[PDB]
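Q: With the hints as constraints, model all of the structure from the sequences given.
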Amino acid sequence: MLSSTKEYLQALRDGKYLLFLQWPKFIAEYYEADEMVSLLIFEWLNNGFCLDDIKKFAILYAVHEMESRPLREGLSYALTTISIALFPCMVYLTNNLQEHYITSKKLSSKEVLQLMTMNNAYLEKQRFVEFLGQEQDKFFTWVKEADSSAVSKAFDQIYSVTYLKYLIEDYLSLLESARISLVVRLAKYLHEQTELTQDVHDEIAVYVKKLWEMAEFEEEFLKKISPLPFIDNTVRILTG
Amino acid sequence: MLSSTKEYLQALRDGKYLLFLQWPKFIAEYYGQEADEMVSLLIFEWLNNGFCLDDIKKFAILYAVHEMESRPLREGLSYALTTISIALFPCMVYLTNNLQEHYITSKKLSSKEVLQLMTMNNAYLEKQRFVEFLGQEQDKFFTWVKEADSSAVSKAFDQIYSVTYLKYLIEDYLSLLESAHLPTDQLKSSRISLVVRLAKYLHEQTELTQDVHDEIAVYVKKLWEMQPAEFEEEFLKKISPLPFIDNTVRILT
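So the sequence lines, in the order shown, correspond to chains B and A.
When the letters of the first sequence are read in order and numbered with the entry's author numbering, they come out as residues 1 to 31, 39 to 185, 196 to 231, 234 to 259.
When the letters of the second sequence are read in order and numbered with the entry's author numbering, they come out as residues 1 to 32, 38 to 258.
No wet-lab data here; the hints were simulated from the structure.
Some hints here could point you the wrong way.
Here are the simulated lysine-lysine pairs, DSS-like style, with alpha carbons at most 27 Å apart [what the hints assert, rightly or not]:
{"no.": "1", "chain 1": "B", "residue 1": "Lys243", "chain 2": "B", "residue 2": "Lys205"}
{"no.": "2", "chain 1": "B", "residue 1": "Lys151", "chain 2": "B", "residue 2": "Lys205"}
{"no.": "3", "chain 1": "B", "residue 1": "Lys242", "chain 2": "A", "residue 2": "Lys242"}
{"no.": "4", "chain 1": "B", "residue 1": "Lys16", "chain 2": "A", "residue 2": "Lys242"}
{"no.": "5", "chain 1": "A", "residue 1": "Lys205", "chain 2": "B", "residue 2": "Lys151"}
{"no.": "6", "chain 1": "B", "residue 1": "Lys242", "chain 2": "A", "residue 2": "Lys63"}
{"no.": "7", "chain 1": "B", "residue 1": "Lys117", "chain 2": "B", "residue 2": "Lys62"}
{"no.": "8", "chain 1": "B", "residue 1": "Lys242", "chain 2": "A", "residue 2": "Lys151"}
{"no.": "9", "chain 1": "A", "residue 1": "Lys193", "chain 2": "B", "residue 2": "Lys160"}
{"no.": "10", "chain 1": "A", "residue 1": "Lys242", "chain 2": "B", "residue 2": "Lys151"}
{"no.": "11", "chain 1": "B", "residue 1": "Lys160", "chain 2": "A", "residue 2": "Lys227"}
{"no.": "12", "chain 1": "A", "residue 1": "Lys160", "chain 2": "A", "residue 2": "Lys63"}
{"no.": "13", "chain 1": "A", "residue 1": "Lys132", "chain 2": "B", "residue 2": "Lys243"}
{"no.": "14", "chain 1": "A", "residue 1": "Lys160", "chain 2": "B", "residue 2": "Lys226"}
{"no.": "15", "chain 1": "B", "residue 1": "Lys16", "chain 2": "A", "residue 2": "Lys243"}
{"no.": "16", "chain 1": "A", "residue 1": "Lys63", "chain 2": "A", "residue 2": "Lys117"}
{"no.": "17", "chain 1": "A", "residue 1": "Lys243", "chain 2": "B", "residue 2": "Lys242"}
{"no.": "18", "chain 1": "B", "residue 1": "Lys151", "chain 2": "A", "residue 2": "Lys193"}
{"no.": "19", "chain 1": "B", "residue 1": "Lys160", "chain 2": "A", "residue 2": "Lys226"}
{"no.": "20", "chain 1": "A", "residue 1": "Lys242", "chain 2": "A", "residue 2": "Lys160"}
{"no.": "21", "chain 1": "B", "residue 1": "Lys205", "chain 2": "A", "residue 2": "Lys151"}
{"no.": "22", "chain 1": "B", "residue 1": "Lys6", "chain 2": "B", "residue 2": "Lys160"}
{"no.": "23", "chain 1": "B", "residue 1": "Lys227", "chain 2": "A", "residue 2": "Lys193"}
{"no.": "24", "chain 1": "B", "residue 1": "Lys160", "chain 2": "B", "residue 2": "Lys226"}
{"no.": "25", "chain 1": "B", "residue 1": "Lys243", "chain 2": "A", "residue 2": "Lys226"}
{"no.": "26", "chain 1": "A", "residue 1": "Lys16", "chain 2": "B", "residue 2": "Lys243"}
{"no.": "27", "chain 1": "B", "residue 1": "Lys6", "chain 2": "B", "residue 2": "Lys112"}
Now the in silico label distances, taken between C-beta atoms and shown as ranges [unchecked claim]:
{"no.": "28", "chain 1": "B", "residue 1": "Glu118", "chain 2": "A", "residue 2": "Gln191", "range": "54 to 64 Å"}
{"no.": "29", "chain 1": "A", "residue 1": "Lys226", "chain 2": "B", "residue 2": "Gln133", "range": "53 to 63 Å"}
{"no.": "30", "chain 1": "A", "residue 1": "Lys145", "chain 2": "B", "residue 2": "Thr148", "range": "25 to 35 Å"}
{"no.": "31", "chain 1": "B", "residue 1": "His208", "chain 2": "A", "residue 2": "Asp251", "range": "25 to 35 Å"}
{"no.": "32", "chain 1": "B", "residue 1": "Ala128", "chain 2": "A", "residue 2": "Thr148", "range": "53 to 63 Å"}
{"no.": "33", "chain 1": "A", "residue 1": "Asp251", "chain 2": "B", "residue 2": "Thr148", "range": "38 to 48 Å"}
{"no.": "34", "chain 1": "B", "residue 1": "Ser111", "chain 2": "A", "residue 2": "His208", "range": "57 to 67 Å"}
{"no.": "35", "chain 1": "A", "residue 1": "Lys226", "chain 2": "B", "residue 2": "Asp144", "range": "55 to 65 Å"}
{"no.": "36", "chain 1": "B", "residue 1": "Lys112", "chain 2": "A", "residue 2": "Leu241", "range": "27 to 37 Å"}
Not close to chain B: a few residues of chain A, all C-beta gaps over 12 Å, as computed [claimed, not checked]:
{"no.": "37", "residue": "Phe26"}
{"no.": "38", "residue": "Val44"}
{"no.": "39", "residue": "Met73"}
{"no.": "40", "residue": "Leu104"}
Heads up, the beta-carbon is just placed ideally off N, CA and C, and yes, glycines get one too.
A: Below, the structure written as structure tokens:
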């Protein structure tokens, strides 16, 4: 967990996206999803919502729509949730309401929703919606204009990790209903990683091997996780 | 494509799933697409092609696969699967309750002719009972999905995803190439044309056989000769790789 919304919006600008998606998990401990989206509107405006922020999300969102769906479930909630917030912020920054939102004081969840309720007076319910639609439009075009080198490179980055997360997640339920307490750590280990570090792929093999100790179906999964320890492990016996 | 529901259902019994999922596309041609009509044809067809308890249990494997987190069946492959499940439940109801006879004939009918048969037979089960039955069978089914052999599911998975992972990646290459800003690049247009055709070739394929690897390689080769962008390269690499390791892992397997 990071210390600030400012650090999370840094990760976003730093193309750190697996990390930035934890932003809504941060606001969870620092204060329903009705409340949630409004916290992130407050949080983003007080933390320097800009055009660059929108534009760098349009990469992330474009990655989300990829047919290979690297971001799914928990991560996909994170992504869409935040996106629901980005549009109101987009309405606010455009019609110059961003100020009534910006403050000094350290507010509480109840007090936040309080002023956002009051601020609703500055925007008729009918126009809020009209701008929301236009801001959506203006966004989705930037989603289309998203530089494909940036999108692509981002994708490997995310999916490098993400793939194993599902591959492993699936290895678990298949095993539970077919050692288990063991794998959950590999699930919880990998859960924490933002990227596959060459040091991280090392700790993986330190898992794969340790399972062998405790089924023909488990096979092709390890083969898809850490092939090399297998090739070693099998040849070791073949010389008996 | 295949010429017979018997052929398709055979594939389902054999375990050839990507092929089995091609069924509702055949049914759409054999008859000439409101989903209710399409589910109607599937029910008729499956009941004449020897719907049975084993058909259900194997289909359970397929579904269990569709629910993996790696999500091997997306989009149209997914629509196939779900549309077939909507036909499945009525058949389970008709099977348990001895209604199938009214659905069984050797007379080769038309779409309009089957939809009429379907409405005629609608009067042999009162709606309320159909819905109760329908849920009982759904219960009976989803339990079998929870119980599907982990061996059998895991095997279907590797061999569906084997093809299917390629399918989605190639679609994502395609849209990115289209969406790329390439002013100098005079080959972009002929490179897009290559990916589209690769996408098209692969769309018909249910497994990676020697032929497939070879065609894929022919496309990927031509693409390299078209002088791709930096980002395109990662895609080309994944699409036709050389997994000397995996080669060496499976031999040893």
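Q: Each hint should be assessed against the structure and marked as holding or not.
A: Okay, the hints, checked on the actual structure:
{"no.": "1", "hint": "B/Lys243 <-> B/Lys205", "verdict": "19 Å, holds"}
{"no.": "2", "hint": "B/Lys151 <-> B/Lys205", "verdict": "35 Å, violated"}
{"no.": "3", "hint": "B/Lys242 <-> A/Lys242", "verdict": "20 Å, holds"}
{"no.": "4", "hint": "B/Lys16 <-> A/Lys242", "verdict": "24 Å, holds"}
{"no.": "5", "hint": "A/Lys205 <-> B/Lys151", "verdict": "24 Å, holds"}
{"no.": "6", "hint": "B/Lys242 <-> A/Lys63", "verdict": "26 Å, holds"}
{"no.": "7", "hint": "B/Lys117 <-> B/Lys62", "verdict": "31 Å, violated"}
{"no.": "8", "hint": "B/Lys242 <-> A/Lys151", "verdict": "25 Å, holds"}
{"no.": "9", "hint": "A/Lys193 <-> B/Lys160", "verdict": "19 Å, holds"}
{"no.": "10", "hint": "A/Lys242 <-> B/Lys151", "verdict": "25 Å, holds"}
{"no.": "11", "hint": "B/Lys160 <-> A/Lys227", "verdict": "23 Å, holds"}
{"no.": "12", "hint": "A/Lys160 <-> A/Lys63", "verdict": "13 Å, holds"}
{"no.": "13", "hint": "A/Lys132 <-> B/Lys243", "verdict": "49 Å, violated"}
{"no.": "14", "hint": "A/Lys160 <-> B/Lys226", "verdict": "22 Å, holds"}
{"no.": "15", "hint": "B/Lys16 <-> A/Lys243", "verdict": "23 Å, holds"}
{"no.": "16", "hint": "A/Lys63 <-> A/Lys117", "verdict": "31 Å, violated"}
{"no.": "17", "hint": "A/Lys243 <-> B/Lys242", "verdict": "17 Å, holds"}
{"no.": "18", "hint": "B/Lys151 <-> A/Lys193", "verdict": "18 Å, holds"}
{"no.": "19", "hint": "B/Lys160 <-> A/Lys226", "verdict": "22 Å, holds"}
{"no.": "20", "hint": "A/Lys242 <-> A/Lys160", "verdict": "26 Å, holds"}
{"no.": "21", "hint": "B/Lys205 <-> A/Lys151", "verdict": "24 Å, holds"}
{"no.": "22", "hint": "B/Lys6 <-> B/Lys160", "verdict": "24 Å, holds"}
{"no.": "23", "hint": "B/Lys227 <-> A/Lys193", "verdict": "48 Å, violated"}
{"no.": "24", "hint": "B/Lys160 <-> B/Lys226", "verdict": "31 Å, violated"}
{"no.": "25", "hint": "B/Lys243 <-> A/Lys226", "verdict": "26 Å, holds"}
{"no.": "26", "hint": "A/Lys16 <-> B/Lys243", "verdict": "22 Å, holds"}
{"no.": "27", "hint": "B/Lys6 <-> B/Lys112", "verdict": "16 Å, holds"}
{"no.": "28", "hint": "B/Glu118 <-> A/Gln191: 54 to 64 Å", "verdict": "60 Å, holds"}
{"no.": "29", "hint": "A/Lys226 <-> B/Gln133: 53 to 63 Å", "verdict": "58 Å, holds"}
{"no.": "30", "hint": "A/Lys145 <-> B/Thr148: 25 to 35 Å", "verdict": "49 Å, violated"}
{"no.": "31", "hint": "B/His208 <-> A/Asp251: 25 to 35 Å", "verdict": "26 Å, holds"}
{"no.": "32", "hint": "B/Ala128 <-> A/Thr148: 53 to 63 Å", "verdict": "55 Å, holds"}
{"no.": "33", "hint": "A/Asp251 <-> B/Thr148: 38 to 48 Å", "verdict": "42 Å, holds"}
{"no.": "34", "hint": "B/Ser111 <-> A/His208: 57 to 67 Å", "verdict": "59 Å, holds"}
{"no.": "35", "hint": "A/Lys226 <-> B/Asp144: 55 to 65 Å", "verdict": "41 Å, violated"}
{"no.": "36", "hint": "B/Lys112 <-> A/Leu241: 27 to 37 Å", "verdict": "54 Å, violated"}
{"no.": "37", "hint": "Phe26", "verdict": "24 Å, holds"}
{"no.": "38", "hint": "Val44", "verdict": "26 Å, holds"}
{"no.": "39", "hint": "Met73", "verdict": "5 Å, violated"}
{"no.": "40", "hint": "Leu104", "verdict": "34 Å, holds"}
Checked against the numbered hints given earlier, the structure breaks hints 2, 7, 13, 16, 23, 24, 30, 35, 36, 39 and satisfies all the rest.
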